[PDB]
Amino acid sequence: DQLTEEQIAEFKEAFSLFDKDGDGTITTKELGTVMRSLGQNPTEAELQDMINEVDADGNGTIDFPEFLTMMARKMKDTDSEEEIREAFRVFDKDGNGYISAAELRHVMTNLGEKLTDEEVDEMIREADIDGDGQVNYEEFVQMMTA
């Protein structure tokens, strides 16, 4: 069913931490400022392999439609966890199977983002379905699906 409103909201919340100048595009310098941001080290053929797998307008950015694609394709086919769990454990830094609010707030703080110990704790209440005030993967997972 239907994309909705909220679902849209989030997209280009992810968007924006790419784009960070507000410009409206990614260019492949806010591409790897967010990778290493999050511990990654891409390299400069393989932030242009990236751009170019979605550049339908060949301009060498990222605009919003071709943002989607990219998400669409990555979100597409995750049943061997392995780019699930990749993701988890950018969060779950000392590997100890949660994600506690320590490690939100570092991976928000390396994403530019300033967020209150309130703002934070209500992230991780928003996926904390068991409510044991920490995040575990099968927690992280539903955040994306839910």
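Take the two forms, superpose them, and find the largest set of C-alpha atoms that agree within 1.5 Å; that set is the rigid core. Numbering follows the first chain given and starts at 1. What changes on going to the form deposited in another entry:
Relative to the superposed rigid core, the position of the CA of residue 23 differs between the two forms by less than 2 Å. Residue 106: CA moves less than 2 Å between the two forms after rigid-core fitting.
Residue 119 shows a C-alpha shift below 2 Å between the two forms [criterion: core-superposed Cα displacement of 2 Å].
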Contents of the next structure:
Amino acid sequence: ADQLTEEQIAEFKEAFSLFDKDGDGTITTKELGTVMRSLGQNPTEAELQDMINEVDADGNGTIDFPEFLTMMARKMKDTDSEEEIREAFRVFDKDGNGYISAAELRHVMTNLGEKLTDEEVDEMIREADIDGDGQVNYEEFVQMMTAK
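Show the other one: the form deposited in another entry, since we just had the form deposited in one PDB entry.
Just the single chain follows, nothing else.
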């Protein structure tokens, strides 16, 4: 694994940039909180600072890129408990009908401060949309989590 692939590095950049809202290279509690709220959580300031402290190896009070890689390494992997993707799916499936619509996905992107065209939203849906109905059902959401 000596070196990463560029596709891997790009994925990590994607992830980090989502949280680093102003693009300055560091994630603050303000930014962490703002994004978490968009994605369905409601952490307190103290909770956010505890999250930073766990991975703030240089003690400077904010999270840089390698610190963020460590944060993902510790919180994610996969495994362990699992099966509350239903809550994850619900952050998208805002009306609970079993299908993430284009308007629902745009709502999430709008909470995050992004303004997407219909084509860009459809492009996102095509990552998971096996049956071509322009929506992501739970089964499709589950498949997308284990694929590629």
